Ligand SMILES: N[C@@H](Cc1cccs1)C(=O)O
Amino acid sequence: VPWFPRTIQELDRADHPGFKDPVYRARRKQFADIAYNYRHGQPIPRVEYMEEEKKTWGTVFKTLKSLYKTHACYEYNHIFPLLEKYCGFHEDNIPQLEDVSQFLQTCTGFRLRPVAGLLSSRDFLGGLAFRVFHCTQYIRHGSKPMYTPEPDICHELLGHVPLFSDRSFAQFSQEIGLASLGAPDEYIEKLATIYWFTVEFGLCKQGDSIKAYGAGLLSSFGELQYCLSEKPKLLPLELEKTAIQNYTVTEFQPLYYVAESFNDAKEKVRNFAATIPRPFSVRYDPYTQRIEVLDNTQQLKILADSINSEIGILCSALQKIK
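In the form deposited without beta(2-thienyl)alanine, present the structure of this sequence as a single chain.
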């Protein structure tokens, strides 16, 4: 059985544009080092971004800000003015992670964590189990401010973050994290694939119309308008046949699974999670910020107690709503 983090602190474990740039290069190595030195508990170090960078930020912050009220989903359009008014979300200044993290935490409890560059799906997903998002502090090269070969502070901030501010989305994400914990490769890859057609390139239901909630969609200008058109062949979010689906990395996907809601996708996920054959069950304890392995009979005595009291609340509340 694959190894997985039990504690939150246990997470401590040329075609590229700008490859010829000695500065940007050493700059991106500067950011990575920050990551390698970052240990949970301490505030995310702040950085003094450069204009050549701040320009690229505003070039994307302007190009996308127009298509959000249009193509972006509600939960996005709702939180944005709060992100702008609070975490310094403006085309003239790049938002500081410590702020966004500190912010997201009060919304859902999701904290940010600076990742060197990239990491396994098992590792990425594992962070979600603790409502921890591994974010990139760096930024794409100014050469092509409309394209990134991988996640940059724009994709993470103007794509992922706004969704992680939504109550229903967080639990949903966390589910996948709890699922991936100790899951066999085949399923790990399957979840990643789901994570794609959902978190990265997913489309939600807003009444009759369809909106874009995918992080890869929201941060990408060209696909934001493409996924909303009548060119791609939409399908229902069915985790069963969605995990099998093969996709391209460098280009647009003709398939975009339409989820009813995050609260709803959550259930097919839990299902896909129940599908995950694990020799046990795990539960996250937000108080001890530990991961509880449910295998013992006394381990269940306490989860039972947790629920028992919580419903007792749900009842008393309900009893008072005549």
Contents of the next structure:
2 protein chains.
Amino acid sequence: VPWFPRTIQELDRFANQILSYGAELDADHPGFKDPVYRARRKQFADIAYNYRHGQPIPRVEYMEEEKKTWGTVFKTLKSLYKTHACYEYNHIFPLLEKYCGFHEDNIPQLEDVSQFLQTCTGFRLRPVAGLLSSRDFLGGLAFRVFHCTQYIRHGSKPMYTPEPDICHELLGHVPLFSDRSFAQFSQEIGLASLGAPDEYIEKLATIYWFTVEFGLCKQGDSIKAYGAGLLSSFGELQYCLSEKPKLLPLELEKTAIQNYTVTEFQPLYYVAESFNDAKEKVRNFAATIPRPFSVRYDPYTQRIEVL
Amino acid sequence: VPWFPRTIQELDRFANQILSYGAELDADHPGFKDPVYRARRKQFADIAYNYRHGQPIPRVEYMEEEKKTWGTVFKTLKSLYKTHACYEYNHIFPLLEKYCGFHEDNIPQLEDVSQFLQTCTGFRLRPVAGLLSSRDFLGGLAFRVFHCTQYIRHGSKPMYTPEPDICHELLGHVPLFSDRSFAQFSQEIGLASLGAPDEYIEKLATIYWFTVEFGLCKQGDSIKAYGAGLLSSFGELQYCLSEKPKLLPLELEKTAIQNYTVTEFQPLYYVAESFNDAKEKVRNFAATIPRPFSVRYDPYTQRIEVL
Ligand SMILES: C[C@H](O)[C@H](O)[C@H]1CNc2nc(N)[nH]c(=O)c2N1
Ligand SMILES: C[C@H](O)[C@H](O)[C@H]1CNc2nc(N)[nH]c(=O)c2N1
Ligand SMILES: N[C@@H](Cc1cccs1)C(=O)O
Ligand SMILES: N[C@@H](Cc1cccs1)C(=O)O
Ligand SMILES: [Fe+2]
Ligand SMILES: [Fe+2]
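Show the form solved in complex with beta(2-thienyl)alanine, please, the one above being the form deposited without beta(2-thienyl)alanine.
In what comes next, the whole complex appears, and the chain from above leads the way.
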């Protein structure tokens, strides 16, 4: 089996092995070419590389343009959440607002955010230079660690970015990580991925993608978005609930092998019977991943136990 | 029911509510009268009072006399452990020696000790000014927190002290707290005590006293000491295994109501069939303590959940 981390400190081993969605040379996303943007990303990358388990996440200062982007993103999404975001999400957001500083004119500092999550569900942030492989990100959820970015998307296209910027992490992921049920849900699938065969991790990731990332669900006689990827892009947040996208019932045996895109709006979304049913399905599947052993995380010593 | 702490930070509420065994005006223990001793204790008390959850335990410097006391205590007990200490204890001690600095000429710093315990079983130290009530100390074990003292016994009588000095904490308690089975054992009885009726807490304490504090057990065709109170006093460590003390089989229905002393060697010890049987008995009893609810500690958020 593939070597997996046993300690929360061993995350650094595979930590900062950043990747990309290959949208650089994409004429659809000129921002990446911005030399100022790249230098900025180089600065945040160094903070992630000079970071090690234990220390508090270094606080930083953002440019005028970066604050503007967050202001546009934040104020636009907040207006969409009222009619597009699922119930669970909308009842948690206010907490971040009054207890974490989530505001139109204030980009939250990761340290404060990580502290907020610790007292909520035990989750904690870990600054990373960029995109991580599904295996590493998923593995980190076993320790209730969320590898999070500090840089913000290019101000030219605040409606959507193919990369997982700070807007995506904080506005799409953090909110549900402060929920106990969702937090334990996230850790379980993360534990199942540990040392799991590559073929199952990718199936897992695909399911994660069509649920946690771009999942859709119907509450009552309506339909809302619950996926981080939808909750952080006011661009396709409008689109995921229009008539353009194709909708299908959530079915693991079909969703696990479905194709998706990483540099554009999804042409297809899976609708779950409910946010709850969505979690039920993933767990069952996750608990189906074969492997020559079992594992258990010890929250006291912060280590993985191989049964 | 009595108000009990829900958070590991709420320990400070009832923290530093130090007490005493009333051995001050005792002509058997002149040390307490030493004005130098008292001033010293006043200094360690201030560190405990100016301490708050989170911060690392302040490192201190000890006097020549204090180092001498620790040297005498340590080197004498280490020689007795070989034939008096139980198996579990003797196989753990070496770890503290090479990984924590437990040496004849080096009084361990609480911070390093607390760090060592975190990586072992999740336990952590919390500096206190002196003796705590059974209810508070026991309650702290629910969060895997061990309220520990920094001062050392008076150099005039290193063979025995009625107070729980640093020698008692580190040489008698810390070693077994680094054991997983014993660590979970300690936390369980601590959880049972939370909000429990006063009458049961005192019965619990009495049992704790005749087991964790001065418990004796027979491994193979021999008998060893496993109680913290015996493992930290080379004075009655010799005595608990001589013929002077009275020995009786460990029986909760009889041990729970037995009388004991706090300023002298115990005139009676209870022998368990084995260190393992000792734990079994206490747990069962602890799980017998009635109360209009149930509780569960969440290691992720570090809070008590009232079922
Ligand atoms: C597991 C799945 O691939 C998911 O999209 C992961 C991938 N890598 C990531 N990397 C970082 N830094 N942040 C994320 O939110 C993600 N999402
Ligand atoms: C629970 C039982 O009373 C036990 O002897 C406790 C009492 N108070 C204590 N207080 C401190 N500071 N340290 C200890 O080891 C103890 N032992
Ligand atoms: N496209 C999303 C970001 C990501 C979704 C999934 C991975 S990154 C948005 O612009 O916020
Ligand atoms: N009498 C023990 C100390 C304590 C035992 C029980 C509470 S304090 C010794 O001298 O180390
Ligand atoms: Fe994501
Ligand atoms: Fe003790």
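Positions refer to the first chain, counted from 1. So that the term is clear: the rigid core is the largest set of C-alpha atoms that superpose within 1.5 Å between two forms.
> Of 190, 211, 131, 113, which one's CA moves 2 Å or more between these two forms, core aligned?
C-alpha shift of at least 2 Å: 211.
> Please check if residue 65 moves between these two forms, taking a CA shift of 2 Å or more relative to the superposed core as movement.
After core superposition, the displacement of the residue 65 C-alpha between these two forms stays below 2 Å, so no.
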